[PDB]
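There are 2 protein chains.
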Amino acid sequence: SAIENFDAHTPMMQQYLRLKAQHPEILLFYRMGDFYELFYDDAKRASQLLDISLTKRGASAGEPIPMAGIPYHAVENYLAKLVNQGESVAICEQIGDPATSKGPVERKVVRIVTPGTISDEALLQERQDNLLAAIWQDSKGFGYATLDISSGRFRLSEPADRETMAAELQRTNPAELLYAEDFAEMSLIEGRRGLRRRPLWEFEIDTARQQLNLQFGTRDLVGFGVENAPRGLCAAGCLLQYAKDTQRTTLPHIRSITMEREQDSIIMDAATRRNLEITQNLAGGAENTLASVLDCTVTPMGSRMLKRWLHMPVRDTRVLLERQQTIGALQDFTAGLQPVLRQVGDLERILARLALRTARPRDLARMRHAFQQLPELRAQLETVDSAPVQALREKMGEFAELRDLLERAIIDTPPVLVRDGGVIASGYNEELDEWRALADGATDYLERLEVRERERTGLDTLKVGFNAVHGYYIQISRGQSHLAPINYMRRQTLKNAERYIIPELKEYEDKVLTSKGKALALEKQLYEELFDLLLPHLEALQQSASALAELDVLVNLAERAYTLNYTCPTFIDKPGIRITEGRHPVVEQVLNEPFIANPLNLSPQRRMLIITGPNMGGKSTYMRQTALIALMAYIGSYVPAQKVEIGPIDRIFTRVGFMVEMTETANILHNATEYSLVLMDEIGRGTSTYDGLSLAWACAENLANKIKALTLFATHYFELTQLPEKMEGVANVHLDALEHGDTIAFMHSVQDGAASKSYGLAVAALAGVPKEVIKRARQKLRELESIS
Amino acid sequence: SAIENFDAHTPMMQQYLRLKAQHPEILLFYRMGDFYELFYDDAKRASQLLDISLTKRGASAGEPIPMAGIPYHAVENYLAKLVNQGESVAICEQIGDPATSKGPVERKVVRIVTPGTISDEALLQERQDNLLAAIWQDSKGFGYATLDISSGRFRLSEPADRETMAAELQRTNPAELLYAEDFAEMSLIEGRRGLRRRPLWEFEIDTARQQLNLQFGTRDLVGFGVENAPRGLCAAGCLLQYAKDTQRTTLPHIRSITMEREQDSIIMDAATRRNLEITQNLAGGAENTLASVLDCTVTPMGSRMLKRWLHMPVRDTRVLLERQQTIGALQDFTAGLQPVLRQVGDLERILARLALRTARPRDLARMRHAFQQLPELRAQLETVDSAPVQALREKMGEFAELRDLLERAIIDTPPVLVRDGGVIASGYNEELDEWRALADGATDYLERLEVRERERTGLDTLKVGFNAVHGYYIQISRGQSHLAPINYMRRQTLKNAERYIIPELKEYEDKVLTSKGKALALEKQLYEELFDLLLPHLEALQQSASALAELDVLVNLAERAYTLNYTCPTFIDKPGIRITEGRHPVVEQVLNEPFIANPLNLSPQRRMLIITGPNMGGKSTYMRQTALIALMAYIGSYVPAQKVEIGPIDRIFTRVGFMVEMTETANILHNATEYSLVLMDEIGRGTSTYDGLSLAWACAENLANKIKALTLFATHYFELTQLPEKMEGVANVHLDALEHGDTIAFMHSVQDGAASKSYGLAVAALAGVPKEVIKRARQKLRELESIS
DNA sequence: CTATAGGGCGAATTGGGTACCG
DNA sequence: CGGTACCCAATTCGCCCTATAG
Ligand SMILES: Nc1ncnc2c1ncn2[C@@H]1O[C@H](COP(=O)(O)OP(=O)(O)OP(=O)(O)O)[C@@H](O)[C@H]1O
Ligand SMILES: Nc1ncnc2c1ncn2[C@@H]1O[C@H](COP(=O)(O)OP(=O)(O)OP(=O)(O)O)[C@@H](O)[C@H]1O
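Sequences listed follow chains X and W, in order. Heads up: the first sequence begins at 5 in our numbering, then just goes up one per residue. Heads up: the second sequence begins at 5 in our numbering, then just goes up one per residue.
Just so you know, not all the hints are guaranteed correct.
If chains are identical, the list can't say which one is meant, so a pair holds when it fits in one copy or spans any two.
Unchecked claim - No more than 25 Å apart at the CA atoms, straight line, and that leaves these computed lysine-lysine pairs for DSS-like: (1) 784 with 712; (2) 48 with 520; (3) 623 with 510; (4) 775 with 730; (5) 712 with 775; (6) 710 with 775.
Since the hints were made in silico from the structure, they are not lab data.
Taking the hints into account, I'd like the entire structure generated from these sequences.
As structure tokens, this is what we get:
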């Protein structure tokens, strides 16, 4: 029974209706007492997801008001439930003091919790980076921006066309994606989690030019080389405004912008990245991954940087030569380095929470702790003789004065909430300890009087205690509550007792609660000053974290290299991969049986290898080993081979395993070049066998006559093995399974040629078919090959 | 630690050591209170599997004794755990009262719980038959015996050689298998669950001749035509003795022996069975099965008989013509038949438990209930005019006197255990009701006194109750346990009260528990008499169950026929299958879009059909449709086609898919004849395309030149399409997927010829490869078919 | 005696109670 | 003033646990 004109509503709902009207397409948490109350349609959705009982707010006005509510202290739990569902939610809070506000207390939206801007640790998987991005389409191309709000890392790109958008979208995997109403290609956008449609006026170039310059404080974006790419800047502006709108505050940690160049990275198509199983397998699990066997790192920061480095393999040689020399020098001390680096903690996400002024003292404990670990690191690092190691040593800095300030201004092990205090250490603010002296004077007076009044009145059941609602009392049991002096003022009546107050206790109760509130407000006001003291050096702290986890990677890649006997690979100028004693990493790390290793050669000349041989012969594992070495070479780490020599590579194509097969193949033969490594796993195997033949036969010839890429074709066809006689670049290689007696063995060893008579003609003799039938095959096997 | 000679042990362990010595190769459950205590090596194995804590019993003997124990009431749970692992276990009990043995109470093995003889319903999957078998090898041949202890159905066979042993072993799937120490072929035996080695003297012919005759009560086994097959009889004898030994009692339900003739059944090889997904899919589940679609049977017995019928398709025409006419006549009344037949219950397993004297009253409820449903069945069946229906009506019988006895001697809804009584109804034994009168006098006296003593003492918290260990008490709360009269004798010191006894209550508690034990022992003694009353007619009851579930099948098939439009198929004398509007049963029951139906013809002449065409085009499902029709023709049911004409069939060979492929192919081409239906599916799958070609090409030619069987070859190879020009009997059939514009359709329609241009050359244009690459395929697709 | 197995001893807690509140 | 935020308290349920005598 609801009429809802502006006037008809009560002053509290009039205030909410305007606040909800600002953000009407998203849910709101509205502070009231100790509960965030939801109303009408919002109360309905909340009841479905949060599974909280849908109730109705009392209709004093007249109109029905569907209502739901959740406790303020447990908000984060429900926020997590909503964030998994990709539900955007606004948080609004009482800004003014309700006593001084005659009308409804001044409420304002404090933050907008979106899947992109979740900076709260509870909502962030520790070894996964959370990202926020928007996307724009012009007739020529697309403007894709990204911001790691949890780090301040801000990126941008102008990818050429639709297929590269998908590669970028999977590689980023943005838990939240903003876009514009005019976006034409709606296949790519639909199905993405936390999908947001936006107004067109937000993607204006002029607004972006000014906004980006204002946030950085630099007059020209020329300082970061982004000026010459306006399409991407537009998305940045909306993202920066969206981030600003969602956090309602300045973002000074976001101090820079960078252009992710296609030229400066290996372009892996989305599909190739599903087959490599870099961090996530085909099944969607985190088992049998390159990451798991390459990852034994101490800090989550280090794992993320590793996962980023894997997704973004770098192409410049200088950066690789710098890293290898460092890892080689660290190898000896790894034993002493790994333990100290573990107590560093999540500095990157800590600094960002500090930047947003939303860091909590348990984070400040990890910060001072990391500050304590730095000097011993500097000591162990000083003895090391290599140029980048001393550079990394300088970059961590000292921050010793800040550590002293923290040790002076925080206790050793702090609580999670500032609301109850006991955070700041004793001797920093003499006034703090003056107010805490009255708090510690609670212990003695209460018991001292509890014995004093017990001695005076002569009542042995006399107990002094504190009730949150009734303040400080004296509890005389019902058996003695008639011998209580006239002085003892009745305060509360109980089941088995009676509670009394005197002006002396009331005077103590007044001074203690006031001194408490004085102590706590001072603690909060100083807790703000801690941010004010440390904010100046935030740029240097952000440089410190950018080196610490940049060291964690270099120490693990040394521990793994020493443990798995990996060797550093030299970079050469010509595209071409030469491997000696090659061992696939993931298999040789989950197999009781030893991995028989195999050398591989790829060159301007050894570009194409046809792989044949029996099923269950691991025809597949031989190729995955090359691609993963080629990837590891360009992350700058060592390789599980005696020696690897790598040539520069622009793109890695792969289709492990019809409609889906031709799409990714068509994609490769249009976008592959001379610097491309292609890895066909099965090809021309759709049906018929005279149809798939006319597909793959041509596919390889085009991959080795024009694209001139490198390929490790795995083909069941025995007719694609005549390519070397017809085409230059191709070379047959075969994985042979041996047969002694009635047992087949899996050698997974790689050699030259392939076998006309198959192990099948011999397998036919094992559990033998009638002798005429096996003879009849021999007659036909001879006939097929001979006529050809 | 001490000497372990016979004397050194304590009297209890001396008794156990001799008992264990009788059965030392199997575990024992030794009755020692609820916990059947297990010792030494047994305690070790128990701790590993039952996951019960391995402890050590005190060394009274002087040597440390390891020990485990499990409660008697929860034995069945641990028995199930052991049965799944195939672990045989003996159950021993204190049979003689403590007086029978001066030392430890007489203890005898009551039963040997083996995976074969599990008659307990809890250990039997309701819709799966449990079996028990032995196998001994002789120079002449193998003797394979089987006993369905849960039914009394006892079979025997003398299979020729090894390959048929495996087919029989899988078809039976004996949860347990017994064999002889001299057994040569140990590949077949190893890997089977609950594997048992036995002494040689058990497989003597003379002992078997006498033992089988003694059990049947027939002077000559000539009464069942088994005399002329001694090898099989030997295994029977051991099995009969093993069954006898395992149950320690007579087996009068096992009243007959039968020789399973290869001639009188369709011989399905083990492998074929796993592919047609008859009861169990490739994945091992019970979903998407012929069973799942053909099984809405109203009693599990009916599903088992269906599954048996499926697993043993019958060959004699008379039995089929009998069944079809019956199902056709039943079709009209199916609506009225299905509900009444549901209340029948598991009569077959019930009668066997009754026979073993191990039936439980919950089973007797289903028996009397089925007896009540018979007259209304006889009424509905009387109006039906067909010869076998009236014959089936006679076979169920009346058993009206037994129903009257059961209605007089069992209550409506009985409990599971006889241990607590309340089973037998009131008016049968006047002495029972005399003892039950004291039991029903428990309700009034307890509450009458509870108020009487409450009125006398003046204590309002006075409660009269019964604790199993402390007997009958009076509970006075701790607040009033000091006002309790001196008469009230303290019994139990409760945590919040005190429990008292007086001689009046004790006198009542004595007379009630004695009268209980008198009532209960009488209930058990009469519960024996129930078996003694029904045992004479057990042969007729076993004939009744053999018709009831044999009716459930004939009504379920009629229902599923009316619903899915199944039509009766005529039998012809020449082997050959003609199908019109053929509809595969499972897919048209799990597929949203319409299953398109398709006709098929198989004859002395149309014996071979090569199936080609696109992948995801049902190259495979159309062949599975024919085999399942051919099977369902020889179970005697209707078929999901307008009309089916079937010719007699001896064997259904089916390979659906290297080492494993050639074994079952070899097996077919040795054991296939003129009456064989073969379904090579994806054959010639040699990983080398050239290799597999030489294999299947010859396989088909041999299947159509000498074996002269019927085949539905599903082949990806497009070279096997030239057979009709080379070989008579072969005929190409193709399932075409259409391509109009940029959409591919799944017609699932069967026509003549094959598609030379494949959907792939068109699919290449969709999500198009470079125009040169698609052109290059055309060039090659033309080249491959033209050269041929 | 030496084991388990029903009995002893807490122990969390959830559906009401109880004001209450701008 | 119509729910609503805060407040229990006597349990049913979970976890020990401690007996003595053929
Ligand atoms: N170097 C090696 N040494 C020992 N075992 C190996 C080696 N490489 C692989 N294997 C094992 O042998 C198995 C071969 O089976 P797999 O299915 O991978 O064969 P495949 O020929 O790659 O199959 P497909 O032809 O379907 O791609 C692997 O799964 C792995 O367990
Ligand atoms: N009669 C039908 N009409 C329409 N769709 C069908 C029909 N039968 C099956 N389908 C659907 O089309 C799919 C075709 O795949 P299916 O596995 O049957 O192909 P197949 O050629 O038998 O495969 P394979 O050659 O690998 O054995 C089925 O999975 C099902 O979803």
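Comparing the hints with the structure gives:
Proximity of residue 784 to residue 712 under the C-alpha cut-off of 25 Å is restricted to the inter-copy arrangement: shortest distance 21 Å between copies versus 37 Å within a copy. Taking the shortest Cα distances, residue 48 and residue 520 never come within 25 Å of each other, neither inside one copy (41 Å) nor across copies (60 Å). In the homo-oligomer, the alpha carbons of residue 623 and residue 510 never lie at most 25 Å apart, since the shortest distance is 82 Å inside one protomer and 84 Å across protomers. Taking the shortest alpha-carbon separations for residue 775 and residue 730, only the inter-copy value of 22 Å comes in at or below 25 Å, while the best intra-copy value is 38 Å.
Proximity of residue 712 and residue 775 under a CA criterion of 25 Å is satisfied inter-copy only: 18 Å between copies versus 48 Å inside one chain copy. Only between protomers do residue 710 and residue 775 lie at most 25 Å apart by alpha-carbon distance; the minimum there is 14 Å, versus 49 Å within a single protomer.
When each numbered hint is compared with the structure, violations occur for hints 2, 3.
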